[PDB]
Amino acid sequence: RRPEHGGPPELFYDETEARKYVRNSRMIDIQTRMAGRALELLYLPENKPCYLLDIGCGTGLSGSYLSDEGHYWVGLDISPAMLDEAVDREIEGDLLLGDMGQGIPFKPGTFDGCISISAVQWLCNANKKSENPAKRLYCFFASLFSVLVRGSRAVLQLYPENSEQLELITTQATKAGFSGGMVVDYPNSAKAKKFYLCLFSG
Amino acid sequence: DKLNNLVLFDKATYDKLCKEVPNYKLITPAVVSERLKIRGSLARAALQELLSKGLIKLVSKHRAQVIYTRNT
Amino acid sequence: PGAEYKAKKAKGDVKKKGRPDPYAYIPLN
Amino acid sequence: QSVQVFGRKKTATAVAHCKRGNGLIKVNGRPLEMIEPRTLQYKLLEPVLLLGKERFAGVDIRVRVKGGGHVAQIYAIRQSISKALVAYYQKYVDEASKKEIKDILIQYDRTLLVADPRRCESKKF
Amino acid sequence: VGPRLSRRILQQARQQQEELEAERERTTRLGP
Amino acid sequence: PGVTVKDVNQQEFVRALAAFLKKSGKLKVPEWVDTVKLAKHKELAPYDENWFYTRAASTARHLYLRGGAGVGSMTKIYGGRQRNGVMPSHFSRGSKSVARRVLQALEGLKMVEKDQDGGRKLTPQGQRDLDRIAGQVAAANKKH
Amino acid sequence: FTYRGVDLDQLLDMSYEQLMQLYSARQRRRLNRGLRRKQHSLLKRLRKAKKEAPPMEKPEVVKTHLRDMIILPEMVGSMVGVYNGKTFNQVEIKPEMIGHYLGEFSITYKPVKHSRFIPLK
Amino acid sequence: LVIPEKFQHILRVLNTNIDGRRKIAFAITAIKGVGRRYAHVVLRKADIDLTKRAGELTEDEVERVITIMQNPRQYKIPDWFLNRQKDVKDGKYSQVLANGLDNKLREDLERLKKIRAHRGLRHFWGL
Amino acid sequence: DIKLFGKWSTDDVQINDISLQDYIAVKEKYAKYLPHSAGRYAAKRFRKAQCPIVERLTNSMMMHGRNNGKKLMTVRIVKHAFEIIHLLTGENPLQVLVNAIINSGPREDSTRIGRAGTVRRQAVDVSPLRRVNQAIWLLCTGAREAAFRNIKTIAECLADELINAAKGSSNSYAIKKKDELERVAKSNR
RNA sequence: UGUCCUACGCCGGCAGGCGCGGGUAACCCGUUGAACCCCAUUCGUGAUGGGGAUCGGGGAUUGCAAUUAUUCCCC
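Residue numbers (full-length UniProt numbering), protein chains in the order written: chain A, 6 to 207; chain B, 42 to 113; chain C, 1229 to 1257; chain D, 8 to 132; chain E, 50 to 72, 83 to 91; chain F, 2 to 145; chain G, 15 to 128, 139 to 145; chain H, 3 to 129; chain I, 16 to 204.
Calculated pairs, DSS-like style, for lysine-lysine (alpha carbon to alpha carbon, straight line, at most 30 angstroms):
hint : chain 1 : residue 1 : chain 2 : residue 2
1    : C       : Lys1244   : G       : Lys127
2    : F       : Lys24     : H       : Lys78
3    : B       : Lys52     : I       : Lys167
4    : D       : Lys105    : I       : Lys18
5    : I       : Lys85     : F       : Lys7
6    : H       : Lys115    : G       : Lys108
7    : F       : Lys97     : H       : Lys78
8    : D       : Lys33     : D       : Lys106
9    : G       : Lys64     : G       : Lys52
10   : H       : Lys91     : G       : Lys108
11   : H       : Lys47     : H       : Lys106
12   : D       : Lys106    : I       : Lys42
13   : I       : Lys167    : B       : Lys66
14   : G       : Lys127    : C       : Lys1236
15   : G       : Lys100    : H       : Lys115
16   : I       : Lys42     : I       : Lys18
17   : F       : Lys143    : B       : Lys98
Because the hints were derived from the structure by calculation, they are not lab data.
Generate coordinates for the entire structure from the input sequences, incorporating the hints supplied.
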């Protein structure tokens, strides 16, 4: 039904499911148009690319869209199979492997923007007893607020399945000190309805 | 990826099917076409030719599946 | 929550010309 | 003298005549082994191989069918044959043979005496 | 069984009975 | 004691009758052999070039099983599944004139004529013909 | 110019009964079903316009509501003002429209002739 | 079977590559102007065993097939089997295959555009 | 004696798993010539435990849309698969089938719980009937999505999947999914 | 379910025509001979013999009138 019910992201998005994932033109179309909407969402200055933390890029199709317009990015991912699939696509941006909930391991005042592509609705549930969802979301949000330049822009694409998940993510974001809100793409629609966390420092 | 199965039997692959189809222990058009990189129509035509030669025994006949076994 | 963009005669999201493409913005706390 | 029985299904209805003879099995004017769906041929071989072909050499049976699909007709044929033999060995042959035939034929399958009471439910507004 | 099914069964049984009981020109002349 | 078409399998009997009609050589043959489709739901020409003989054996079979049926019932028998594009599929009937010409050819082989109560009915020597060809089929199949 | 291998000069002489083979199926069936009298009156008006006009320029325009009339081979040299819903579109009869109708030169509908939010706080 | 020493992979028919890696009933289908049914009726008229591949076809077979292609009317074909049998300009019995078909459709579209009928003008507005 | 398909014997079939005598119903009393029975085996609770394993396997390929209804092609496929297995392993295909059923049974998995948004997984156990059901479904998925786009026939793909599941090799999709199930059960105690 | 359902004979490969019968109805269409399925051939992992959209032409049918492709068959 949904990919979140299948299991952990490290093990569900394996070799064969990534292999059938990259051969899906519908996925290509939706990913390119959501990447275009995300790039239009943040108010970055024109003729000057920004330093974007691309979390949840995976195959790097959004990263490919970033590299097509001359922008630069670094990718953070959790599954090595679709990471190798992204590597096989002669991609330009760099790739990192690790859990985003354990903390973003970069210096503060570094990133001028943050692009999250289908990675924040993943972490609301727990697949291990040692993982606390509230603690994981709070640590991820606090580390993201630390590594961001003061005044940078962060956009997070998501498809929540109920209002309580949105309540927990918004209360974690507003307890982490992020300033911003929520932008919905066609809220009264069903196919075209997307959700977009927009955040900034101050 | 893109397969390049041959359209007619060359001399070399004809030699391997002459000296190798008596010993695979399983005979079907599918695995023959998979491992010999040959057209499945040529695989089934080759097995009708070979059962006409009579050196491989039949097990069952069907329009979609044909199955064969060794003499000994 | 997008009440100005909801069609009265239909279920969906109707466009307006004076305003940009349909959306709904709500702030955080 | 002879015995007429009937076999039932959803919409497949069969009649069966069993009389004295040399052991001729006929269905729709054809022997039992060339009904068109060959895959259920062992179904047509389920009753007789349950009992033994030497015993059937005194009874000639002929079955006519009408209605139903292929496999429904097959089930009607085999149930009609089974009930024809048990009725022939009840009315004409002593009760012990009928009892043992009924016991083995009811411990093998349930549908071989009374068919499955299943039919399509009608649609109502 | 049911009305229609039993009707078909009795019709087919009567047909088979007539067929197994089975196994010219009309006499227009009153006197030979 | 003699065998019957009902006592033998259908397909090898039909192809044996087609072979006997082929080496008979007295069938009349149309000029439109290789430019015809025998139904409006057919998409391709039949792969069997000698399909008139199999057609003749099949229509002889269907007339022997039930006589008094003409061209319209014959087209009703070989109707198929018409896949009319993105429209839902339906049932279509066969071509009238092809079956008409084949059955007229069998009329020319003194195997069948008309019937006063309906369509066509076959000759009694047709019954002997099917009887001894069923005998040779049973000899070649049931005795082997 | 020739039409179905037949030149215009013999097309004018070639008569009404054997118009069947040089046409398509639809107007062949339409002519076989019986032609009416209103389009005959329209033909009479067209030819009455054709007589008294001087022969060194194009004659006077004949206007009508008839969109579904079969163009005869002898129409070459007329001006037809055919209705469309509002106005009269008046068109020259070239020799190349023998097999066509009057409806496809009088179109009843006009062609159809059919920015993003940025958050600041 | 074993490859012939004269086996070809690609033929040159109507200034077009034709794949010999296909059945004879479908290798000729690759060039325009002929589909499956016309190929079947031609190869049944050409008296050719259909089971052959396209790569072992001899020369004499391909020029007799192409002389079926240019003038099939003398080889006893039905005349309502064709594509362009009653042309508007010059009604004559014909079958265009590769470049004649493009010229026929081009002259149809430019005829419709010149007479500014609804069909051709809508085609012009559509592109 | 009653032989399956005329040449398969149910007398030599032994169930190695002690928990599954009464759930793999293939013995002398369950011996049938054909899996086509059309018996009302699902209108009462635990009735399908008495169903033959071959009949459940023929009900298993009766799946995925267009194949619904057409079970004569299904029993044809499993007949060809039985022939292929008997030609490959050299013995009764029923033993290979029951070994594949035993070895591909998920013995422990995870259930999903949660009160408000926070959803966790608790390590729970699988009943032997559900073990057989999930093994049958996993072999069905392996046979279906194994090849799906090339010359590899469904019958020989099913035979290969059953043989590799009976041998316990990692090539089987069913074995890999089962092992992932007990491993994620151990990860969520 | 029917004076529009059609049996049958002739012509054209088919779209369809011509002629003669049965039926105001468990009587004639109609032992309502249907599709899936079954057996054999060809195809064979190929945007491919899959899928058929969108087009061009011809023919025929239905009707005062079919163009904005009424509809069918073929290419």
